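J.: Listed here are the chains, written in short residue letters.
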Amino acid sequence: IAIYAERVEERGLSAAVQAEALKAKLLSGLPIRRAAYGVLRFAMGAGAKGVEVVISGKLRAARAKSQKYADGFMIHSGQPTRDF
Amino acid sequence: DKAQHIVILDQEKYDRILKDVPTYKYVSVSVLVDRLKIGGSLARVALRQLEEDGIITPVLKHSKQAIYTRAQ
Amino acid sequence: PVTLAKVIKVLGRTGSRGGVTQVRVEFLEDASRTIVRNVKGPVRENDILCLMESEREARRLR
Amino acid sequence: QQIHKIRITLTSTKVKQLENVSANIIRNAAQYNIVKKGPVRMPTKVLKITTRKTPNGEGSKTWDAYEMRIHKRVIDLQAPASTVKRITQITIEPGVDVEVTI
Amino acid sequence: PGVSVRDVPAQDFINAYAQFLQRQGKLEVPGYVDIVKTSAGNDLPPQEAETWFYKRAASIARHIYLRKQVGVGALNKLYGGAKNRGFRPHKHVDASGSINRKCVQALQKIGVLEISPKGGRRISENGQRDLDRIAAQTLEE
Amino acid sequence: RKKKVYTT
Amino acid sequence: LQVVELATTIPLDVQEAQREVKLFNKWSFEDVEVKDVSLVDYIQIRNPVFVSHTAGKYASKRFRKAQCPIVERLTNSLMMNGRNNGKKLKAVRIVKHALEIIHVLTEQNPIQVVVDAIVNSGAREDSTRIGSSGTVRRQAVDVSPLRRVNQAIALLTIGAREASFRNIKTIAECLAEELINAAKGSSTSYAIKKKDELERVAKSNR
Amino acid sequence: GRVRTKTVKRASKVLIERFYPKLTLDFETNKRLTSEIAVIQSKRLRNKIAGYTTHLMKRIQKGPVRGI
Amino acid sequence: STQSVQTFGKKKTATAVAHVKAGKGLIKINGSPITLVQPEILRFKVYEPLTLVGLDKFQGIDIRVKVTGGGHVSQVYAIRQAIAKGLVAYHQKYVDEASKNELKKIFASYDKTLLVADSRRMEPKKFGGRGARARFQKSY
Amino acid sequence: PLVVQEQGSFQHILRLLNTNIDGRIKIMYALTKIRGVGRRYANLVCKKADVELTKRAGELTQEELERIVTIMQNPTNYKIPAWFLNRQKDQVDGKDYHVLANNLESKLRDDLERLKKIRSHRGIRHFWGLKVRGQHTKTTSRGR
RNA sequence: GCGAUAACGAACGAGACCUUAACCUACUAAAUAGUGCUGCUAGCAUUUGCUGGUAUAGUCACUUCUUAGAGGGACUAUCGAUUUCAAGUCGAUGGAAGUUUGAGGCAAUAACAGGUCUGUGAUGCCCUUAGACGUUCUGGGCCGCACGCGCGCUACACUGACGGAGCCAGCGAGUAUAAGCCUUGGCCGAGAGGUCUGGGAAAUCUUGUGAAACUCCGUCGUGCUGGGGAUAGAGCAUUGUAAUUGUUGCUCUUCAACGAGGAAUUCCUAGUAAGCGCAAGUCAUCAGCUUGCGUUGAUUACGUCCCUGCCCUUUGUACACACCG
Ligand SMILES: [Mg+2]
Ligand SMILES: [Mg+2]
Ligand SMILES: [Mg+2]
Ligand SMILES: [Mg+2]
Ligand SMILES: [Mg+2]
Ligand SMILES: [Mg+2]
Ligand SMILES: [Mg+2]
Ligand SMILES: [Mg+2]
Ligand SMILES: [Mg+2]
Ligand SMILES: [Mg+2]
Ligand SMILES: [Mg+2]
Ligand SMILES: [Mg+2]
Ligand SMILES: [Mg+2]
Ligand SMILES: [Mg+2]
Ligand SMILES: [Mg+2]
Ligand SMILES: [Mg+2]
Ligand SMILES: [Mg+2]
Ligand SMILES: [Mg+2]
Ligand SMILES: [Mg+2]
Ligand SMILES: [Mg+2]
Ligand SMILES: [Mg+2]
Ligand SMILES: [Mg+2]
Ligand SMILES: [Mg+2]
Ligand SMILES: [Mg+2]
Ligand SMILES: [Mg+2]
Ligand SMILES: [Mg+2]
Ligand SMILES: [Mg+2]
Ligand SMILES: [Mg+2]
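Residue numbers (the deposited numbering), protein chains in the order written: chain F, 85 to 168; chain b, 34 to 105; chain e, 6 to 67; chain W, 16 to 117; chain V, 2 to 142; chain h, 122 to 129; chain H, 20 to 225; chain T, 2 to 69; chain S, 2 to 141; chain U, 2 to 145.
Honestly, the hints are just simulated from the structure, not real lab data. Cβ coordinates follow ideal geometry from the N, Cα and C atoms, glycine included. Treat the hints loosely; a few may be bogus.
Said to hold, decoys possible - A partial selection of chain b residues facing chain H, derived with a Cβ cut-off under 8 Å: (1) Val54; (2) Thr56; (3) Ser63; (4) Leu69; (5) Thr90; (6) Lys94; (7) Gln98.
Claimed, not checked - To be clear about the criterion: a stretch of chain H counts as covered by chain e if any three or more of its residues have a C-beta under 8 Å from a C-beta of chain e, and this derived list gives those stretches: (8) 25 to 33; (9) 126 to 136; (10) 146 to 152; (11) 156 to 169.
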């Protein structure tokens with residue numbers, strides 16, 4: 085076995101990197117609005133056609149809520165969602 | 034319960050059969066049962082012999098249905 | 006005294022459930038006295054359907 | 016141990032790389048005057064697993080139907096064993112696995 | 002032109018081969034034929050007590066004629082039928098092994114079949130000879 | 122309610 | 020008259036057909052009369068068939084059933100009551116046997132009797148209901164030729180089915196009794212009581 | 002029903018306003034022409050676009066059409 | 002070799018491979034005569050392609066078919082299609098096309114399934130019911 | 002192989018093992034009226050007694066009737082297999098038996114107290130009139 | 001979508017898309033698929049014919065049937081009717097396919113105190129944490145039975161039961177030093193089942209899964225009968241450490257309600273419904289259960305808002321935690 089570590093070329097186009105980056109900010113106490121818009125603009129800056137972020141859970145309030153942050157163009161149904 | 038159809042063939046019924054079956058447009062297992070008051074099993078053996086005796090002509094041959102007619 | 010009337014025009018579905026159809030009939034003999042009548046079964050034009058009684062028109066059904 | 020009747024068995028989940036390796040080997044078996052038999056399209060196997068959608072047991076009884084297509088091709092070559100193995104390294108592909116049997 | 006087994010109806014050919022095999026009398030009949038049922042899925046023994054073994058052997062001979070190395074396990078499935086499970090749905094159940102194994106063994110000692118290579122039971126050199134003969138004496142009427 | 126009670 | 024033989028020998032009786040398509044090589048269609056002007060286009064006897072089993076696609080469009088052979092429409096309606104659905108080969112046997120019984124009785128053409136029994140069994144006016152959400156308001160309406168024909172087959176087979184239930188008479192000869200009586204318009208037969216009772220109620224609504 | 006959608010209706014009438022002289026009243030000829038005129042992602046949308054363009058061409062010869 | 006054409010007919014799953022060769026008119030079903038079809042009530046379905054054109058058409062050709070798959074009834078329709086298509090295909094290749102178009106006219110005017118395979122296949126079963134469209138009985 | 006007639010030889014009502022048998026039933030199925038004699042058992046005793054099954058019950062002569070009751074009472078003596086018997090490997094004497102009309106309920110009974118006397122679970126549920134073979138009773142068998 | 005138009009031009013969703021089934025004698029090949037010939041070879045009438053076996057060296061020929069990759073093919077095509085002559089719809093003809101070609105997969109903007117912390121080494125908090133609420137061992141229970149309700153299976157017979165005989169699918173699965181897989185073929189055994197070899201990690205062998213309904217010929221003959229097979233007695237095997245509260249199978253015997261079902265109510269439009277079985281999942285054993293698959297294969301609409309549910313428009317509102325107000 086041989087393991088190689090390779091840098092991702094377009095970090096902004098990888099939702100995995102963007103989700104891990106968001107968690108490392110939310111765990112630092114940064115506000116959600118400032119954290120959420122940090123991935124909306126980072127994804128689009130890399131050249132994404134569209135991006136939508138949903139964060140669900142509980143924050144100081146006993147009741148839980150979810151907030152969606154869309155931008156640009158997004159497709160929802162059919163095979164192309166599996167491709168792009 | 035009211036059927037009580039005869040299953041043993043005596044002599045009075047035997048010649049009555051040979052006197053009545055020829056005067057039938059169409060004979061079958063039910064026709065023999067319906068009007069001669071004999072049982073179904075007794076009708077089947079009667080038909081297979083009456084055909085062998087030439088009185089009865091076989092229109093159609095089948096296990097579940099025996100279509101016969103007069104030979105005159 | 007039954008009378009036969011060829012249908013010449015299917016007006017439309019009538020009745021509460023739509024199970025009966027308004028139709029325009031024309032008599033085979035004496036090609037006049039055209040009447041509007043209701044029919045139960047499926048109907049195309051040029052269907053030969055006889056009438057037990059002839060002297061009665063039809064209007065929209067409930 | 017020289018020229019032999021040699022079988023190469025190709026299995027993979029995706030057909031594009033399978034046909035590229037298959038065609039590339041056939042291409043190399045053409046310019047090299049090596050008589051060949053294949054490729055033989057084996058009937059594809061559909062590995063199907065049908066689970067319940069609900070992690071719990073509440074709701075309408077809805078089911079997923081997952082699939083895993085396995086495509087298998089065998090190619091017969093008439094060449095010495097040294098020649099066929101080096102052909103495999105020429106047409107090596109991560110998706111397609113190769114087994115060689117005499 | 003000649004006559005073969007495939008040129009005669011199956012149902013009345015077996016009724017003719019059964020008649021010959023009974024009148025010939027050389028077929029060895031096991032002693033439990035008047036007691037046993039053909040299959041575990043059946044509920045009654047055959048109604049033709051005197052002749053059912055001959056007819057079944059006749060059926061076995063004809064069925065083996067048309068194929069290649071059919072085993073005795075396959076014969077149980079062929080003559081098996083739907084079992085009458087009381088309230089549970091019906092199911093296919095194989096026939097009795099001894100009846101089929103005795104028939105092919107009985108047919109093996111009358112000269113019509115033999116154990117084929119790579120399993121099964123082939124038809125004998127004389128097995129083709131005498132079945133095609135019976136076919137000719139079937140269709141003259 | 123409930124409460125594990127011992128005997129031995 | 021041309022008695023051909025092929026190498027695969029063909030029986031003599033079956034070769035007597037390059038002549039006419041007779042149903043069950045006994046029943047000719049040449050001599051058959053839809054004795055009603057209004058049902059000629061919906062009783063299909065123009066295309067002869069050998070056996071009432073064609074396995075055609077008559078349920079795709081709306082009026083394809085009128086193009087199905089009339090005998091095949093009858094044998095389709097026999098296989099009912101759950102345990103008989105899909106048993107067409109049994110249904111053809113009943114029809115084949117029923118025609119022979121209809122032939123030995125009254126000596127007519129069996130399929131002529133079938134056509135007569137169908138035209139005589141369909142009610143010409145049925146009283147449909149027009150109730151406005153519950154109240155009784157019966158209204159007399161006319162009956163289309165297609166529903167008139169295909170309800171006759173439904174009523175004829177339903178009556179034959181119930182007559183053969185728990186009765187020594189077989190279904191083929193219960194169908195023969197049902198068809199013969201209805202063909203001649205006798206009120207003793209089922210599906211003639213129903214047709215008169217349907218047309219009787221329609222008279223009580225105009 | 003067989004009601005064509007907007008992705009085929011508007012794309013077909015752009016072809017007429019752009020390539021009317023090369024078009025015709027034959028679907029088979031039109032089908033081959035649109036494979037070199039437009040970049041169609043799927044074959045099925047190809048035979049649809051050309052099938053409605055043919056209908057419009059068949060309609061233009063009978064009088065003026067709306068939208069072209 | 003000789004004048005040989007090979008065709009096939011199909012029903013739901015049944016497929017009848019027809020070997021229409023030429024010869025004295027030999028017509029066998031899995032090595033058995035058509036005079037021995039098992040479903041007697043359906044014996045006239047395979048007799049239709051014969052009596053429609055006349056047995057004189059089969060003097061010069063012999064046909065041997067091998068039918069597998071499907072069911073008992075589905076196999077009968079596969080056989081009659083292989084025979085009808087085999088007779089037409091032989092005429093197109095070894096006889097003038099005027100005769101081939103003549104034979105095809107009588108067959109099509111009588112039954113489309115003699116030459117055209119039925120395209121109906123079984124609908125898949127969907128969950129929530131015991132059949133393709135049937136659903137489990139609902140209770141409130 | 003043809004219809005035959007008889008007079009005065011038919012016997013409408015038979016009495017076998019103190020049980021009344023209708024004489025117009027076929028012999029194989031007439032004996033099934035005798036409790037302890039099923040269809041499978043009646044088929045074999047008639048075949049062991051050389052009484053062809055094509056005969057009605059009244060057709061049989063006295064010579065045949067005694068020959069049947071002898072076989073039923075001595076099945077093992079007529080090449081009737083042990084596994085074919087009603088009560089095989091008997092509890093007390095260990096021999097294979099076939100109990101009949103009046104003997105069946107006596108030894109069936111004797112089995113019930115033998116289960117109840119040792120107070121086994123199966124015997125107890127038999128006493129209550131409940132199902133003993135593990136059947137659920139929550140929702141079935143609610144009649145009386 | 002046409003069209004009307006203070007709107008014009010668009011986006012998501014729909015549709016497109018993806019998978020599957022139906023066509024291709026037009027390409028590409030196939031000894032794990034099939035065929036004709038050809039070697040060798042059997043049976044029947046001798047006419048040179050008809051059925052087979054054999055064939056991994058006949059070091060053959062071919063790809064129609066079989067498999068699957070690259071494509072082609074349907075777009076409502078042409079012609080008749082109606083229509084604002086528009087979107088469309090209904091008929092024919094050709095066609096493999098003219099109901100979105102049949103069937104599915106995915107599926108918008110928001111939402112529910114819907115269901116799961118009994119899927120998670122996913123979780124916040126509360127409780128417990130050594131006489132444990134952790135974990136393990138033994139035994140029992142989850143099956144327990146006066147009762148009400150729901151999903152179903154057998155049936156109430158003759159369009160049928162048995163008894164022989166004929167004899168056709170498709171979707172799939174399968175192991176090693178294990179902890180034991182699919183199991184043919186042979187031999188015992190009435191069966192259930194037992195034993196010895198061999199093949200198969202699989203288009204090769206199980207397997208043509210020779211399935212059941214079904215069909216033919218017989219017995220039965222309207223009878224709680226040979227319909228139906230509960231309940232129970234005695235016995236024989238299998239799995240498992242262990243079968244008692246019968247795991248299951250087999251044999252004999254017992255042979256019950258049920259003679260087509262009130263008020264109500266469910267599912268369904270073409271290879272569909274209904275029968276009919278088979279495989280895979282659970283699984284040491286047990287399928288009256290689901291998920292699929294195929295065999296046989298219909299009646300009746302192709303219409304409507306009368307009931308029921310939902311959507312839209314108008315309307316009222318003292319509701320906005322939104323009538324559970
Ligand atoms: Mg989209
Ligand atoms: Mg979609
Ligand atoms: Mg079978
Ligand atoms: Mg059987
Ligand atoms: Mg039953
Ligand atoms: Mg049952
Ligand atoms: Mg969209
Ligand atoms: Mg080989
Ligand atoms: Mg050879
Ligand atoms: Mg679709
Ligand atoms: Mg709640
Ligand atoms: Mg937990
Ligand atoms: Mg937990
Ligand atoms: Mg879990
Ligand atoms: Mg503890
Ligand atoms: Mg429970
Ligand atoms: Mg308990
Ligand atoms: Mg349910
Ligand atoms: Mg009856
Ligand atoms: Mg049977
Ligand atoms: Mg296989
Ligand atoms: Mg009883
Ligand atoms: Mg029982
Ligand atoms: Mg209703
Ligand atoms: Mg409802
Ligand atoms: Mg269990
Ligand atoms: Mg299972
Ligand atoms: Mg408001």
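J.: Now tell me, hint by hint, if it's right for this structure.
T.: Status of each hint after checking the structure:
| no. | hint | verdict |
| --- | --- | --- |
| 1 | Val54 | 14 Å, violated |
| 2 | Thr56 | 14 Å, violated |
| 3 | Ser63 | 4 Å, holds |
| 4 | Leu69 | 12 Å, violated |
| 5 | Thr90 | 10 Å, violated |
| 6 | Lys94 | 11 Å, violated |
| 7 | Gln98 | 5 Å, holds |
| 8 | 25 to 33 | violated (count 0) |
| 9 | 126 to 136 | violated (count 0) |
| 10 | 146 to 152 | holds (count 4) |
| 11 | 156 to 169 | holds (count 10) |
Against the hints set out earlier in the document, violations occur for numbers 1, 2, 4, 5, 6, 8, 9.
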